[PDB]
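Yeah, one chain of the complex is gone here, protein chain that is, but the others are all in their spots.
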Amino acid sequence: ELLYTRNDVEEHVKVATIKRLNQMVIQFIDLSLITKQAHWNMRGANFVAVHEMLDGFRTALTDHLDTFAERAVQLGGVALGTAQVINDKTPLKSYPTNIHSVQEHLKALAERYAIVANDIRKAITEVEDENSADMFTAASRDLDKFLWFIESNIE
Amino acid sequence: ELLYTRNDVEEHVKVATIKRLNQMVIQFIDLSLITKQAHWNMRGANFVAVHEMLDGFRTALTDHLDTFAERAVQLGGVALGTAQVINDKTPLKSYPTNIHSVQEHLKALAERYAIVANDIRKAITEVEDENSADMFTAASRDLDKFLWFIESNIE
Amino acid sequence: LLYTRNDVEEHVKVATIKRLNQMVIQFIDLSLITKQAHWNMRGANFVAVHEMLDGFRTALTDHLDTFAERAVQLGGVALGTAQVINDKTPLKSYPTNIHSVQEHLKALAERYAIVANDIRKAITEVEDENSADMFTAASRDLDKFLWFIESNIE
Amino acid sequence: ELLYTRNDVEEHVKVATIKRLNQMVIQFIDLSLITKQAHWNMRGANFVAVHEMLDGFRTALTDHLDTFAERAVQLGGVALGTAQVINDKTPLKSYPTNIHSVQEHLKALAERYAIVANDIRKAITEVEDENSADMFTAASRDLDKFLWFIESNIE
Amino acid sequence: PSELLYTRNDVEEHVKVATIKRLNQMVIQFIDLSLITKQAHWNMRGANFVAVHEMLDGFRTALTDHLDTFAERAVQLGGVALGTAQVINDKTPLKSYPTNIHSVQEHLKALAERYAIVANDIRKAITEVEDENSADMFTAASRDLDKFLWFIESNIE
Amino acid sequence: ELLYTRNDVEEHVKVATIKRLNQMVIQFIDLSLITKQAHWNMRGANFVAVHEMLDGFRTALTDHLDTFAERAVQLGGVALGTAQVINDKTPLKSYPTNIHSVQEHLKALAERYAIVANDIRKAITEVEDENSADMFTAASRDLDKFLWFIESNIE
Amino acid sequence: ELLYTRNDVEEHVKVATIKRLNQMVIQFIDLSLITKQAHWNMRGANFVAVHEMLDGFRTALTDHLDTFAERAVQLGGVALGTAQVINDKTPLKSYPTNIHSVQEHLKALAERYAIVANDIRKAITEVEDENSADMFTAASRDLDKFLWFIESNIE
Amino acid sequence: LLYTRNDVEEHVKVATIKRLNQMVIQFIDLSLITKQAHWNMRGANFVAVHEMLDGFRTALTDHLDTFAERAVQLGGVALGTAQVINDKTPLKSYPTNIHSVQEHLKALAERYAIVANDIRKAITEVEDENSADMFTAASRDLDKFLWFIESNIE
Amino acid sequence: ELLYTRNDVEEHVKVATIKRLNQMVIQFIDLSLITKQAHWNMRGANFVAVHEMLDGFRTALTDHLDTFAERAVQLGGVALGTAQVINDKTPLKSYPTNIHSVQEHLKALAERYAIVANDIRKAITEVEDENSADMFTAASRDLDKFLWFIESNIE
Amino acid sequence: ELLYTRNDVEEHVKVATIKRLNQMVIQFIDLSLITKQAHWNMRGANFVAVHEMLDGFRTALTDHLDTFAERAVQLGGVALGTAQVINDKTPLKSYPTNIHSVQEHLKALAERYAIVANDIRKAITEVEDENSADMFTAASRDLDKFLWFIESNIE
Amino acid sequence: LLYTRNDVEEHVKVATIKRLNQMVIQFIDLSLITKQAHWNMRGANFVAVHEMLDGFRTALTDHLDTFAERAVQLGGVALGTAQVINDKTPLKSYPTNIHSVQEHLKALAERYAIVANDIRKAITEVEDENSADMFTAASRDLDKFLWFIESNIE
Partner (left out) sequence: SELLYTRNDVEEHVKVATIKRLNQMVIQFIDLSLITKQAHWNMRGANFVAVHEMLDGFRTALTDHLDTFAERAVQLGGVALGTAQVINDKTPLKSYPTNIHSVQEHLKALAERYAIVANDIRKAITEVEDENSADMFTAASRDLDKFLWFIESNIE
């Protein structure tokens, strides 16, 4: 069931939205862990700039997911973002540990960012909570631009 | 094994330290996630201040475990921070998914925070890399104070 | 309707303007009630909840100014006078004999909740695109505060 | 009835001074509304300077009126600023919702600002409370200046 | 066939080419508004000068910012953003701005005619485009544009 | 005994003002030791926001007192703020070092705050130096609002 | 002989007040010019700090200055800050030109600062306009500070 | 010319206004060009060159604006409409079919180099010190931007 | 003679420039006052914007002014900026005390800004000290802009 | 005897450490008051510079001060910062109230600074808590710098 | 040894100041070469590496400032004139005739690492705790810097 709130968003609409929101949350938490992972372990040409870039990426991700979770609560549900749940519920493929060049990491990121980027863009139009829709549009715009930024550094 | 570098810390010392650094990166990433998890799902007496208090802790955690990972890297290791690795190598017990009182979260928070704070204070006297030890001490100081902040809010 | 190269049609100009004044009104009041509850609370969790509210006010203030200016943009008049608020406000008059933090949170709860429940249907009622956007940013903040308010209630 | 406070302003001075503070709250809140009303709905020569001048004022006014309300609550009284109390108790003539020229708005604004500026200048003499006096002086300094700005821009 | 650059970005091919198209038009209008805003800002005199003169440095920045947002989307959809002097010149729907005029009032009128055009094209653009990401961009812009038109109309005696 | 200055406040007015200033200095200095003393050792409900509130309190007390001292010196006197002088001359009840809960501390602080508050308010009108009257008013307003802040956090 | 203003203030208080405000406007202007004068032409021990100290004074001077003038105008009057009127109506002896030592310049500054300092102090309770009293008071504090600052660098 | 109390000799004014307008025209085109490169590059060194270029754009517009303002102070008309640039710029129409940073660098260099070599000469040609001063600063900027760009070329 | 300095700029250039510097200083100081004078006492159409506008000119002015006096000093001279010297040496025509409208002031200002602006423009070419030429050029660029701004608000 | 905390530093060391943390707490607070007291009653050559410098040491002392105190509390102890306690536990001699010359005050400050400074440099190696040792070195670093600034301004 | 009330042991003072001017000596020589390469590098990855070096320089300069002042604190004299760096620096002269980003990165790596490793063994070799903490902050930055420089090498 749900936590009670004077917020009168339809009951069925609440359940489905928390549902999407959460999965969106999980995808973003993963994207933030791997952004760091790639960030630490790059090496080679274009290092520093691509290194800094990624830090930027981390923050916005963080902010966007935050909104997701808080919105899921507003509707009377329970936002999820614990290691066990992520590991258990991510669509994303585990990030490589054996890769080392900047281009390697860029390719690995591009891959992952794209799945979430494409997922969330579709979510924008299939979610019946306008607030989420506006939420989802805001994060779609950045993931897209981040997807572009990343791809754009592949040589 | 290790990646080359001009950094001349001894071979044995490097390897040992990479492992300590990494367990510490692993522990800080969970607390980090746990912190947020509690942040979103809290409700009741003293919510707003404790809610924002958690956002401060996170930034410091994040910021510390980042130094960790980078020291491991400087020593020619691979810093490890993906959901699958943390899930797999976490020393912390899964964070309750269905607790709601701020009080409830404070207590569940203290437990895990103490485990990490206690361990790292130990790590400090152990590690034989002056740098990592310095990092750890700065971290230890923050955790000890966070630990106390948490506990000091328990009714 | 005052003149403007703004080419939005008349009917939708007029219909939207009302909804915008209507909404201006609920916030100005909501704005007033927030500060009221701000000055006259005491008891547990005073300072933090007290400082919270100031934050809401500032946010409510800027959202409503966005509504008013759109109403003027579409060619009408934005109404913000005390008089107009007093008698077109759809919110129950705020109680002036309550003092405890909780009492106040509940009184805030109820009213924020009715404005936030109305602006969310509004998003999807107007046919002025820009206006649905304004509302949605406002709704997003409102629903956050409602959540913040109900989350401090014991 | 006054609420308990260790604060030892004489009981009579408390009740007297609270009533003055509220009356000042009342009209400053009224002037806050009037000021936004004028700056949304003006058009004509010197529009843009004047529209932003008024936002300057708005914030100064809401600042002082807070200082009054808090002094009221401090002396054990109850600050009154609900939509109902203002309309019922405002000494300011209602603002005309049928005027659009910058010039008309200035002239409608200079009359309502004068009453307040003059009320608050005299109230400085009248209050027994030193703190309230200082409060009113500070705020009278801003009223006299704004009033002067307002009139200076009339053609 | 597809004169589209490769990206891992789903958006269907048709929605891609049409939105790009759309994005580029808004781009061109916005750069033009930007050029003519500076244009009028430099050359205006008479009553209410410094206020209007500085009012226009504010709009410039926001146009620049939106336009930059419109260009970068196009390039994400895998297009080429076009904003060179030549493209603008024979692409702007905007009537060459008068260089023979000196009063704040006439500059206001001129500005208003052209702001109104851009103002109304981007408002339409919002429901016409099938990229949800672009309609969000356009609404943000449309909102500033609608505020800016009102600001200019308001300083006209 | 006074130090030369071209400042022309009458010999007698100086001496008395000076004595009055140092008293308010003495008791402002104490009040801040006490503000920190409570800051560190409070635990219980509402801990964090109460904790931070006081540090704000501590800053304000510090500028006011600093202003009082410099005025004494301006008049040609010596400002006294050595721990010896506070101890031997503070009219405030030594602060309890056994209490621990936030509530207990807030009560202890209310007592002491109200004393100094109720004194410096009397002082505004007792003092024959216009400048000193002003400092005291600025300071009294802060104390009167802090007392209220303290009292209002009391359950 | 005044300018229409809705600012009701007994017209005769108006006239008296404008004159005092103009006398302080004149004096503060002269002091500001004097201050730069010494600032520039200073040399000897303790140069750079005194020189920097003096810039500080100036910004305060001209700030107090401005409020005096804007108030004169507010009451229906004309603010007088012209080079001719400073020359013709200043009670201050023209600052010397032959001096160059910081010590010489501090003393020229002190004897002049004191004229103005001691003067506006009395002005405070001499004037019938309440806001002018608050103004003069704020400036009197600063003036008394700067004086004391100047005097304390004298060996 | 338009009247101003500004006593710069009439011919000087005419001459200077013209040269100012030539530089206003080139810096604008430069700035358009800078942004075109900005959106449309991909390949090695992207993120950094991308943001590098946003810096020049900012620099370019302040300077160009300083030139327009000077021309107007002298009684002339600052020109920066799309049509005038198109008709008077001496830079080759920028390619819209190129994609590599290394390509875009090469293109920016050609054009940047031209304008840079032309304002450097302008510093000593003009007979108005203020223009010459403002010309010298822009040149200094343009000479740094050209060395940055060239420097980034593999 | 000049104050001794290692600065080796030739002696005749020292004297010649010093005299030229003090000349700009005198003029700029006059402009400054005059600028503040119009800023206080104008009323009419376009008041607020023009009124704030004028405060900017002043900051700009006193900055350039400063740089001149110090250059003078560096070369071993005495910078003069006293009221008396301003009153005696000013090439600028005494400023009208009775004008009241924005246009009245604008025009009086235009006349005097233009006189100064035309002069310093020439001084750029007249003076043999490169440093002091840069100095004048910078001022010149502000002054022509300010004249332009002033003239551009005249109807 | 101690307060309950999950912090598992051993009881014995927890106790020794608190004791040592509090002694510094006491000494810093005292240097704090002393620093402020010299700041006020100083005059003579080099006044403004030294005056300002002391204002910087104060806030420095005050932060280390805080860091020591909470460490104490987070270890289960009570921090002790009360005028009474400073009186009774301070090892620093009373600071003289009869001295007036910057040069006199710098010598009185040096003595006491040097005492605390030399004491805490030893404390680093004595304490068995790494966190406090770190805590001490930072403040030690400041104290030494401050001792050198003080001494350096001596003639 | 200059008089101070700081009571470190005469012996420890003397030793510690000598180890402090050595860290001061190589840190100045490193900041010089840092700009030298900063200025004269070109090729792939120029801009970010140019600016990266600016960050490093600010850091080196602050650390070395710290060693200096400690040394004076113990009663010693700091040593940082051109002639002392030249006569006392361990590191090989930096190569004037190299231009590529890659040549420069490797030229810096070599020198940074020599200083990087010296000060890391210095931490354990000083008797002054205030110097060990000091050296340690430096080491941390220096080790990160060496990692940043090596990590850009293709």
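As written, the chains take the letters A, B, C, D, E, F, G, H, I, J and K, and residue 1 is the first residue of each chain.
By our rule, a contact is a pair of C-beta atoms (placed from the backbone, for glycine too) under 8 Å apart; a residue touches a chain by one contact, two chains touch by 3 or more.
Only one residue in the set K:52, K:68, K:105 or K:115 touches the chain that does not appear here, and it is K:68. Contact with the undisplayed chain is limited, among K:23, K:52 or K:85, to K:85. The omitted chain makes contact with chain H at the following residues, 109-110, 112-113, 116-117, 120, 123-124, 136-137, 139-140, 143-144, 146-147, 150.
Looking at chain G, the residues touching the absent chain are 42-49, 51-52. Residues of chain K that touch the chain left out of view are 2, 28-29, 32-33, 35-36, 39-40, 42, 65, 68-69, 72, 77-86, 89, 93-94, 96-97, 99.
One rule holds in what follows: only the chains that are shown with their structure count from here on.
Steps from chain F to chain I, minimised over paths through touching chains, total 2. Comparing mean CA positions across the assembly, the chain most remote from chain C is K. Comparing chain pairs C-E and E-H, the larger number of C-beta contacts belongs to E-H. Separating the CA-averaged centres of chain B and chain G is a span of 59 Å. Listed for chain H are residues 42, 44-45, 48, 69, 72, each touching two or more other chains.
With chains as nodes and touching pairs as edges, the resulting graph is of another kind, matching none of line, ring, star or complete. Contacts between chains, counted with the stated touch criterion, involve the pairs A-B, A-C, A-E, A-H, A-K, B-C, B-F, B-J, B-K, C-D, C-E, C-F, D-E, D-F, D-G, D-I, E-H, E-I, F-G, F-J, G-I, G-J, H-I, H-K, J-K.
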